[PDB]
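To begin, one chain is listed below as structure tokens, in the form deposited without this ligand.
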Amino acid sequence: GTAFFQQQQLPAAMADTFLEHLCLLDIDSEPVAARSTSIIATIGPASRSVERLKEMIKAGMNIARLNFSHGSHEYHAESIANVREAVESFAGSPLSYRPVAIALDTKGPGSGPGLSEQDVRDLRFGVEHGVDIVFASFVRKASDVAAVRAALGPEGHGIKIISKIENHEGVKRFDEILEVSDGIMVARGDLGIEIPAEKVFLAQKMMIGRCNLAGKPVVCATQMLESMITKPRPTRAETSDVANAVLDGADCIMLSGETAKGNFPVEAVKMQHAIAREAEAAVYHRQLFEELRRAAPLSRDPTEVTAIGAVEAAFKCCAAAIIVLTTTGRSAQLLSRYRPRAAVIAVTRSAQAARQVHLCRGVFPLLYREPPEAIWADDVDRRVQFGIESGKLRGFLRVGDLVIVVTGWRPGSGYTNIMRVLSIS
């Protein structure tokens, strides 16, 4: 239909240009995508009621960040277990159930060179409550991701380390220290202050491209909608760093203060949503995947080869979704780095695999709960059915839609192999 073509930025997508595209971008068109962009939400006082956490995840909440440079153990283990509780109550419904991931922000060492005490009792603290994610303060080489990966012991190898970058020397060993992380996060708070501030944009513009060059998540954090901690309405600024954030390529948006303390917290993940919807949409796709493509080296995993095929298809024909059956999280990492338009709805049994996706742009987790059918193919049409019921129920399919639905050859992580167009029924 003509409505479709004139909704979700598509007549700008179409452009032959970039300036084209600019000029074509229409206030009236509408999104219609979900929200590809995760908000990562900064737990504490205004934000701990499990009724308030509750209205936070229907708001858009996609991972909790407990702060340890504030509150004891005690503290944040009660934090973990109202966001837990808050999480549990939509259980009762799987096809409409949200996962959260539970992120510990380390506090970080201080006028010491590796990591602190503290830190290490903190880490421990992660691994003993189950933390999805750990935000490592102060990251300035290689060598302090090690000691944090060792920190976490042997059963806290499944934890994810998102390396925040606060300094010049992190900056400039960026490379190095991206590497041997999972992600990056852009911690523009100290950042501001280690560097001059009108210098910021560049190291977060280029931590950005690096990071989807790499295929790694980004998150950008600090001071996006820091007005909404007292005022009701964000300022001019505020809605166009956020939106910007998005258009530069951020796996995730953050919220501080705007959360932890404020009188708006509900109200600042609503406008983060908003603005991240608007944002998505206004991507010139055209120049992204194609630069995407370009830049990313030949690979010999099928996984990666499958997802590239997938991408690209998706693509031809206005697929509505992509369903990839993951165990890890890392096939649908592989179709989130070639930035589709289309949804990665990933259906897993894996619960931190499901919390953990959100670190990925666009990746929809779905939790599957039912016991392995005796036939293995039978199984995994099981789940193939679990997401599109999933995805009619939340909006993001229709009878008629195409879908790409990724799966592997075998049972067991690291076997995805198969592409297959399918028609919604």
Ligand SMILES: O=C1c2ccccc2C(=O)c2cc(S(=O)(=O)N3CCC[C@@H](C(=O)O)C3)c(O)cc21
Contents of the next structure:
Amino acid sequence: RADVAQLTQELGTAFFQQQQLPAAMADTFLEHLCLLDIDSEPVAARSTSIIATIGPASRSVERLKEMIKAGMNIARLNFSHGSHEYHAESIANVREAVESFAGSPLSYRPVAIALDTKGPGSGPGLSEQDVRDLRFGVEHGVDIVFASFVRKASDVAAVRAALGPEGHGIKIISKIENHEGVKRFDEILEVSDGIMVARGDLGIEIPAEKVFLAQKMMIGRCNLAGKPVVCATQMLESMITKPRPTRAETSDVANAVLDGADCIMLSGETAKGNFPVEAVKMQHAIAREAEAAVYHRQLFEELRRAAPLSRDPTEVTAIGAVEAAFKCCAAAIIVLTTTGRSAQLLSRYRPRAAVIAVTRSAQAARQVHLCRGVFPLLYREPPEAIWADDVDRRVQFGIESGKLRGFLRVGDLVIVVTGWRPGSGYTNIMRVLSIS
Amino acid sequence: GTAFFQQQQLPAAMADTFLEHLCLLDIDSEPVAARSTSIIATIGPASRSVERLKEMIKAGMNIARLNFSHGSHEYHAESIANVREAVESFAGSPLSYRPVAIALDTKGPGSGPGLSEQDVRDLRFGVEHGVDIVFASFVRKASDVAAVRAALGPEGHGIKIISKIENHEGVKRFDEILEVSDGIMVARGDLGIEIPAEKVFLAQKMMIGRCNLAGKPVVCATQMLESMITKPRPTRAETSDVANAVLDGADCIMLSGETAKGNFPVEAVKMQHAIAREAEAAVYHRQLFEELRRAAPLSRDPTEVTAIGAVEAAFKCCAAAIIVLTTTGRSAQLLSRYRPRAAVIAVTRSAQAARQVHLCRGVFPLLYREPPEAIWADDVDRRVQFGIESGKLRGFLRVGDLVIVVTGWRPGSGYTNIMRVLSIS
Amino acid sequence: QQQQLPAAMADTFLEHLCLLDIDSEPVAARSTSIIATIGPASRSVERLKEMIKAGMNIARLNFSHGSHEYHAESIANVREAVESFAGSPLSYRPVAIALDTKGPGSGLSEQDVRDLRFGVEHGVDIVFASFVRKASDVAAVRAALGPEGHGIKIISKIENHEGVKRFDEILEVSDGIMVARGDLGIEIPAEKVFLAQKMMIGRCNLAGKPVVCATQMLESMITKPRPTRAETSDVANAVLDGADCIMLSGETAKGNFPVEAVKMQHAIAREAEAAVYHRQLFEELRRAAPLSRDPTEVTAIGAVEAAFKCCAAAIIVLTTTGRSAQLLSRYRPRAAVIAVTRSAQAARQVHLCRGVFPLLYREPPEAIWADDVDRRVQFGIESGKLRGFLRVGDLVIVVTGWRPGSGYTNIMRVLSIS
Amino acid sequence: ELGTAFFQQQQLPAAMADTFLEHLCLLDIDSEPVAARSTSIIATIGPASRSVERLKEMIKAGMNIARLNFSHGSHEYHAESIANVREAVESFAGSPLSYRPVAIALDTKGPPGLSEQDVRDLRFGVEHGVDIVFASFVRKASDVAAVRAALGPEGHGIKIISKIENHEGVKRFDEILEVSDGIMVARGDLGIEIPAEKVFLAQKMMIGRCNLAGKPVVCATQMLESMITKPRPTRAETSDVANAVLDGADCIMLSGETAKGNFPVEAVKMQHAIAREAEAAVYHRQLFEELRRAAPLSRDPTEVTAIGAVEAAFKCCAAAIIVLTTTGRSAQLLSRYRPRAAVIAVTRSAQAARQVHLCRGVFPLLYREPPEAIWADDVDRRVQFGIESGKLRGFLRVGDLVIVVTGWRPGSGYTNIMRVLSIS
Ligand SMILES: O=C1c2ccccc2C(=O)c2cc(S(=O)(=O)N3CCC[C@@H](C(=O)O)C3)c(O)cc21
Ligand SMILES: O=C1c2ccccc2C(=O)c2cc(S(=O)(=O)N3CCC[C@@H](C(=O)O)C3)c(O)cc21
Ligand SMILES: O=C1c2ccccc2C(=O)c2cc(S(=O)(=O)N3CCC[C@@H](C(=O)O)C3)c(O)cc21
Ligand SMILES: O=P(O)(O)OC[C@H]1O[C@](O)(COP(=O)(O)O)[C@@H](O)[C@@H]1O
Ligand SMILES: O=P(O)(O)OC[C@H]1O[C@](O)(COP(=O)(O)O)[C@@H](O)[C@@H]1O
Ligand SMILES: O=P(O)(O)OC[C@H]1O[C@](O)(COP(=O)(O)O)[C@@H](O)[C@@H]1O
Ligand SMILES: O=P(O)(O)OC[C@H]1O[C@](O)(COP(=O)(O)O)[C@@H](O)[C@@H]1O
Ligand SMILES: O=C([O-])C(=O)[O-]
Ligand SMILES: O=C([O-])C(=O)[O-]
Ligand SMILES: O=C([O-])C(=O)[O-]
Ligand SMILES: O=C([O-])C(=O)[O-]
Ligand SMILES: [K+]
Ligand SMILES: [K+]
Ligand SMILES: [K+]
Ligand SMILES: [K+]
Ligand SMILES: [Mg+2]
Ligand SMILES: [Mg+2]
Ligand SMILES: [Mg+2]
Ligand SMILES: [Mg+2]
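Return the form solved in complex with this ligand of this protein as a structure block, the form deposited without this ligand having already been given.
To see the whole picture, the full complex is given below, headed by that same chain.
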């Protein structure tokens, strides 16, 4: 009680009853479970991104607008099916639906476009079809590649080479789908931007009763590395034909978030099912409940104990900002970023505070959806003559969007993360600001 | 040997943090210990045949659930007879005989305020037919449990009452319900209709945590392997759900339509068995034991004091088993509440206690049938030897293993007070 | 490695003790301040210069002995010795002046009222108030200091059973506490003093307020050039307990080896500070420190967390009153807290907080406030390089505010030296 | 119930704390120690403490081990001091409530190899039946082997406590501890051989490693130095004694304080008073957790039984753990887990009864009844002897819970049973 008494008097007992805060203050994991409360409502914005596979059931512009409003952050295009012409039309429809909300950043929502490859088949390396599909991705400006059946580090180097010099900025998320991928996980993660636990093939390649071990291990190692991890396949499977999921399906979604997944995915549920929008809404509702139930006290302590010492100022500032946000129950951490890296380094410490990432790069704004708890804001104004004023305008842009979009209210504390000079790699400042 | 320390997720068990424990989980680290989470299979048209029941017992069914929401008393009495016939077909080999509990799951109160007249009749049927457990539907408060207990009468005092929590009131009045119940069932079917579907996992994890803290059995139920009612293999979400119920701390996992009416009853039991064994090896015992110890209050009860000493001793030597003599199952339950990795082999002469201890995780009941020796110390030794011989035959024990033996200072229940370190010869 | 770093990485306190190494040399500057009692043996300007060089941070004047004329001459000699090093601003060491009252004897005595008035007139920085037994005793001392002594720190001396029992109410209204073991060891059983000491140090560490361990720490050094094994152990254990300051009484006031006693406390404190198990200490201080909406409070925890992440050589903080440095000190960083201040009094008083190294800023003011802040930060860096705290390539954490004036600290910056 | 008053004594509010910092904050000067003093006191016998009458007062004050410093005196002088110790000890054999075994320890003069004088003094120790040797200036494992060889054919049961007095002993500590029965942190010479300001690091490290190895460790020299001439110690001296106990020392020592000082009895009384206070202030929650986590897994039934018995004693706040031991080993393995319950060791070996004083919290009871023909009856008689002695001495009352540790067959090395008994 003494460690929360003054803040309880100031913020109120009602504030400390919401978002599983009594369970968050527990001294043991067992006590944390015992304090979980179905009446404790989630307040924070949903931080785990939803990837929706785009197909016949979710192709139209009108349907895609509903999916964006329901919570879709990443549109996946499965190159195992369809054609280049079919997928290009789906991509154009996604972009049309996304841009229909570009009226003001107080209502704008960026959406990443991901290409999921067919894979190597019986062959041992990049398939000729994968080379053509990866070239298509670069030509159509995809943000992410979900590379199928990655079995070793040279597989991701081959994917990187097929993207050429013009696809240098595309994120490569390696899909682990077999025994070799699990066994060579460390070398694959080292050269990848992130990982997808592709449970469909994994559950056929290894005993079905061992998939949960591979999932928890890969999520834990990705959390330790500070790299995005996606949990995929059959999460809400029954929703392909039914309007409501099973008890095992809601449990699976909640447990993927509690495991530490940055993203959760919908495959047949959105590509061909009868309830694509309802499936997105269900993942959204479960993820908000599960994020509040995360035991941050042990998680943050373990992420600190395991993360090595760092002499990188972006990394040092990120841990200081997350520590400061927990100390004051900050509503948000506003960070200026060019490539998304400063937001990713904040996200790896799993703050409860939303990470509002203000960027001029449309691609970085789409790609940061891979990192849990990062809310991208695309800044469109031309640069101010004085760099310090251009920085301040970008911070104010995040404070006004947050104030008028629920995130922030007058009296809230926010942590602001900036650098000392223009350009990528110079984040080194953390500021505590009171919202007026 | 090095091979021993590579199996049963032992590298992940030695980790200094939960995060490093997850990072060390290995799909090639094979489970060695016997499956400790009990499987409850609901009886119906797909599982009533005496020959089909024999296959389900071999696959791992520990408790047979009779769902009184369907069928007459004549139907349930035939189910009881078929279950008992299949169980007793293995009684000719006492070292391998597996007791199977019979649980009666009530229809419930309906639009009524408390115990239905149908439940009063069904509960009296349960006592008359010797059921071991009652899964009481829609328990909303402590007086619902007292009413179930009263309907069982003086002849049903030994029947275990597991309260099913199926609505908001049951979740909110959980503490008072657990206090008077023998255990709890997280009845997710109705719970997921009574409260928002996205909140069920919070109610499940909370109730399992509180039951683990109280040392009382908790069952995770409904739609765990739902797709297996019509498909031979479950979905990725279903295997995950079963593994996570075990990781949460559930003593039992349940099958409903998967065994009552589906096309794969035996395979659904085999699937729960396979998943539970993998998930039990992945339990982070270092944190779990530490937290259970820290939260368990001080006690002046010798059974409770001996149990924590025996669990601490078992962890110190990597004991293959804790062999406990028990009359009511209580000494085995008090060992089980500390979640030892060592199997708790409970030797009992009570056929009912042998069936009921399946509610406690990691308790393997052995029904001892020999008449008592004239010298009490010799009768205790013969039972301990029966435990060792059954354990060797079933694969729990080998020569050279260390075992912890928990016994008492005089006959009758309530006098457990001794813990002994024994080398298997 | 140096500064007990293998013992610092240990996963348990037991393994930390097992890894302590007599060959692991201390590198960090000595964090625990030394209070030396000034008397016949340590009065001369030449002797005081050697005591400052040996490590004396606070000069204590015991008003139980001497006279106003005697103590005023001791104060003038301390100031003369301190100011003899002012010609080199990058290495100048401020020294606080503390007045220790005679006490109530058999409420606030008339002699204490006169002595407290003397302290205000002579510009003392701290009052060590004798025999504090309740909150109203502190209020009486505060009232006797009047309107001109509002800035003087009151450190309540706990010397009897009532002071121990009413500790919480005394700490609440005091700036800090002194565990006055001489009288405490007569007032309560001698074998219970260590319990009162460890409890008071723990509660002061929890409150983020300075605590002094005092009396008979190196007693045998009054006549002998080397202390006993129990005395070196006592000094090391007071530092390991969490004391912000350690004190010398007869050892410096009347003994034959005043300079050697200061040197011995300095040598032991440096060794003991490196042996502190920061992994458990920081985690416990962090877990127990309440949630806060005060930006100075929030910035301090962020800065200490950042310093541990990069093994920062120092945390450079700008402070008017010393408060921003005190809030960093309460988390016990391994990094030195270099406090750059224009207030000569705050520079002297900040010696009460463990690990705070005060730098008195005497350079011309900049016209642009941002440029003025930058030059005070570069002054912290140049003084740090000269004193051995910093080297080129080191990382430092810089803590500053958004606007001039006290109470506005809200910024933490990661800076690479040179 | 035990009552709220029970939970206010022996620093029990500080014992329940969830952090070490909270534990310190909850220490209470009004919380009185109830348990018997568990840290043995070693007193150096010299001119000021040699007489039978003075030795009787020192035994009553709390002396458990009599140290004879072979750096001074002679064989004749030390033999007379030993005879006086034995006469003073045996003067209490007519009262079970007052009788207490007292170990006799020989501290060598010290050293190329073992000195000629040390060979003769070690032979004197064997001939006079000493229990312990405090071996001066041990620098390496071969120094311990030389002392062991010198203990001739009749003295292999004598305990060798290696004194660490210089840089080489500190640096070769692990190899020395491996072959020694225990260690003495000999701070006098250590504070001359290494910088004085580093002695506390060597002390804390050696105590921690001995606690980890489950071997006795003695903190020695200048603990109450001023009491050689003054009736009361300094604030630094009481602090030093309390901190040696909090560090984890099994024994604390008095040298000039008892050998030649003006207040030998008062110095013993002061160490007794401080140790009792400091033992109650030990943070058992973290200590037991860390001893468990660091101690490797074991297939030795005595070690497995010991941890189970200590866990059981903490669970019920057992007044005592009664253990049957012939060599002292079963009591030593209980002691290494630092139970708050007193370890009452029932033995037929007079030497083991004296030597177990080296292990913190072991209260030896020498049993001299003739053996019963039925072994189970002889075991029950010794268990009841421990219970009746415990009731007589104030350790136990009817209604208390005790833990009893025995083995399954006679002879040393078979401990494998732990029982929970209600005192009737
Ligand atoms: O791009 C698609 C697509 C493209 C063009 C026509 C139909 C589809 C389609 O039905 C579809 C279904 C799915 S799907 O429903 O997720 N699923 C169908 C069965 C096979 C699964 C597999 O790849 O193993 C996939 C998609 O992932 C993608 C598409
Ligand atoms: O101010 C002092 C002083 C002032 C003028 C003459 C002599 C002295 C002196 O000897 C002295 C000794 C000491 S002292 O050595 O610490 N000590 C002497 C004995 C009584 C102790 C007590 O107060 O209980 C104090 C001082 O603390 C201060 C002075
Ligand atoms: O056995 C003793 C003894 C035996 C015969 C005559 C005198 C003494 C004596 O004074 C004495 C003093 C001490 S002592 O007081 O501990 N001693 C003081 C001076 C020498 C020191 C040293 O050895 O470094 C320690 C003893 O340890 C032992 C004896
Ligand atoms: O997260 P990234 O990719 O390193 O970008 C962070 C960068 O953004 C800034 O805050 C502002 O940079 P710009 O003015 O170039 O947009 C820099 O100071 C910092 O280096
Ligand atoms: O677990 P419970 O029901 O308390 O049974 C434990 C009892 O079993 C025993 O070990 C054996 O007793 P019985 O010979 O009566 O079967 C008793 O000593 C002990 O009291
Ligand atoms: O520690 P204090 O007393 O609050 O002083 C800290 C203050 O110092 C500063 O860094 C610099 O202030 P000045 O320019 O007034 O000296 C402020 O921004 C900040 O509020
Ligand atoms: O501690 P030690 O020397 O191993 O002695 C323990 C032995 O004492 C006993 O409890 C009793 O043995 P004895 O009857 O021979 O004295 C044995 O069962 C056990 O092995
Ligand atoms: O490839 C996939 O996405 C899978 O198998 O889940
Ligand atoms: O009754 C049940 O088992 C349920 O609702 O899940
Ligand atoms: O006044 C003091 O310093 C004391 O009593 O210790
Ligand atoms: O020999 C000793 O005891 C010493 O040197 O401390
Ligand atoms: K694909
Ligand atoms: K039912
Ligand atoms: K005074
Ligand atoms: K000697
Ligand atoms: Mg696949
Ligand atoms: Mg139901
Ligand atoms: Mg005083
Ligand atoms: Mg010596």
